[PDB]
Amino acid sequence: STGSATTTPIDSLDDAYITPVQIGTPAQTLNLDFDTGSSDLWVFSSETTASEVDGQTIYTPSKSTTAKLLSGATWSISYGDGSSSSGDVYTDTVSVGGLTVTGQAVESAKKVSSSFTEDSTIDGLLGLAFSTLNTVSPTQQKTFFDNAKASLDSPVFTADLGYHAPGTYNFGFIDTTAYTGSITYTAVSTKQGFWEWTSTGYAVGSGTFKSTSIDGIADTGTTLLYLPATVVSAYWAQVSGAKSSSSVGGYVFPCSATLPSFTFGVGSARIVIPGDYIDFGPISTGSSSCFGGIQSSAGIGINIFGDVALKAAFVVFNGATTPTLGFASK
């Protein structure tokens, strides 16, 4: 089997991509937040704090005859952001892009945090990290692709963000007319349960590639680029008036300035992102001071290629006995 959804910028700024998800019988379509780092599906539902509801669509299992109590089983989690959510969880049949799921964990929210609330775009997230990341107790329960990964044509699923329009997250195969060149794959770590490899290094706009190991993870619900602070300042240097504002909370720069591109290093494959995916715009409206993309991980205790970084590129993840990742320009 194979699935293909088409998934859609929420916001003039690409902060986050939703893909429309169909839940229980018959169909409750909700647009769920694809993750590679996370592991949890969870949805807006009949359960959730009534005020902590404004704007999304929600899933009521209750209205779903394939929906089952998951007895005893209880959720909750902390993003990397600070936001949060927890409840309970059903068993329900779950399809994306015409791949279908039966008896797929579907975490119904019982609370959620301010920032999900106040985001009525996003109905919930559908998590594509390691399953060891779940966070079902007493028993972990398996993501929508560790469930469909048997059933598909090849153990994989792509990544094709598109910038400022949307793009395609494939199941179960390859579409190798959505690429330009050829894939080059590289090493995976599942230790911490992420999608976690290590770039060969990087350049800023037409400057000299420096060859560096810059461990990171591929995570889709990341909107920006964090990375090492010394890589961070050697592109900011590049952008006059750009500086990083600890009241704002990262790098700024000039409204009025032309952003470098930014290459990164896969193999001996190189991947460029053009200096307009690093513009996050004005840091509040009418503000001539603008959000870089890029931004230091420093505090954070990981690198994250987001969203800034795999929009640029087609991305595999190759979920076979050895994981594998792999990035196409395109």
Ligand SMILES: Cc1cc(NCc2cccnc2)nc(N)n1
Contents of the next structure:
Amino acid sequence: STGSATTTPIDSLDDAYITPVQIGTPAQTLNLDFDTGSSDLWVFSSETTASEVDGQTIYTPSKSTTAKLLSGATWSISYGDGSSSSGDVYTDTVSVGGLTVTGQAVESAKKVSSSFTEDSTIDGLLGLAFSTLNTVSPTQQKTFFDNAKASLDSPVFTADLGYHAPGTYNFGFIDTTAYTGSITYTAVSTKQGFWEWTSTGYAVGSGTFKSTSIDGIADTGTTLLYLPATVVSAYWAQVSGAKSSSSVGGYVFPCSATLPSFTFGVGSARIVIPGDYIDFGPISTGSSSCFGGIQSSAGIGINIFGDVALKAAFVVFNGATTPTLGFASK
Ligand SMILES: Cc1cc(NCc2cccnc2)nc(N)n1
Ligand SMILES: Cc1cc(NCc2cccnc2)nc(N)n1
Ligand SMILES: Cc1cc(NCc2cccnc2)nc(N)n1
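Next block: the form solved in complex with the named molecule, after the form solved without the named molecule:
Full assembly next; the chain just shown is listed first.
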């Protein structure tokens, strides 16, 4: 089997991406944020505290003939940014892009943080990191990809995020029309439950490539590119008037600037992030200070190749017995 679904940025600056997912029978379609940095599939629901719902579509298990309470099960997740949610669990039929999983754990939110509530376009999360990070207790649950894997033509999914445009998530096949050149595969460590890999270095604009190992994760859930402070300083030093602002919490640049590209290594290959991709717009409406897309990881504890980096590539998440990542230009 395979599946193919379009993923659409929620706003004009690609602050996040949503992908329609069918849950239940008859289908309830919710727009979920596909997250390769977490492992829970959770949704706004008929159980979510009413004051914490502001425009999201909700899952109503009582309206699904295939829903079953996973009795006793609970979940609770705190993401790096201090965003949180928690609740109980149902199993139901979930379909993404024509690929169906029966008995998928669908984690129903009872509580969500204000950040989730205000994000009216995002009805929940679909985690695609390793199932060892799933937060369901007392019986940990599998991701949609782990449940689908045995049925797929190839045990892979691919992320093809657009710049200011829709893109695609495919499951079970590699669309050889979706990229240019060849895919360069690189080793993954699953020790922390993430798609963790080592980049071979970076360049700023037209500058020389610096060969240096940068461990990090491939995380569609994260909007920006978080790298060591040395790398990030080297980037923003090439932008007149860029600075790190404690008041904003990281790098801002003049909205009159033209940003340089950023290149990252994947083995002997190179992925170029155009400068435009690193411009996340005014820090407040009308401001002439714009929010940088490359930020320091130093206050995180991990480097994160988030959407700013991933959208520059066709990315293969190979879930073979020995997982690997693949990157191609596009
Ligand atoms: C899931 C998601 C991410 C995101 N990132 C950009 C962001 C983060 C914090 C402050 N200002 C902008 N923005 C939204 N709306 N949803
Ligand atoms: C995948 C994902 C979504 C999310 N949504 C909440 C949110 C955060 C920032 C701005 N607006 C909303 N928070 C996180 N950490 N990951
Ligand atoms: C994405 C983005 C927006 C922006 N807005 C500020 C602006 C520009 C032009 C006219 N009036 C206001 N500046 C930049 N550089 N990038």
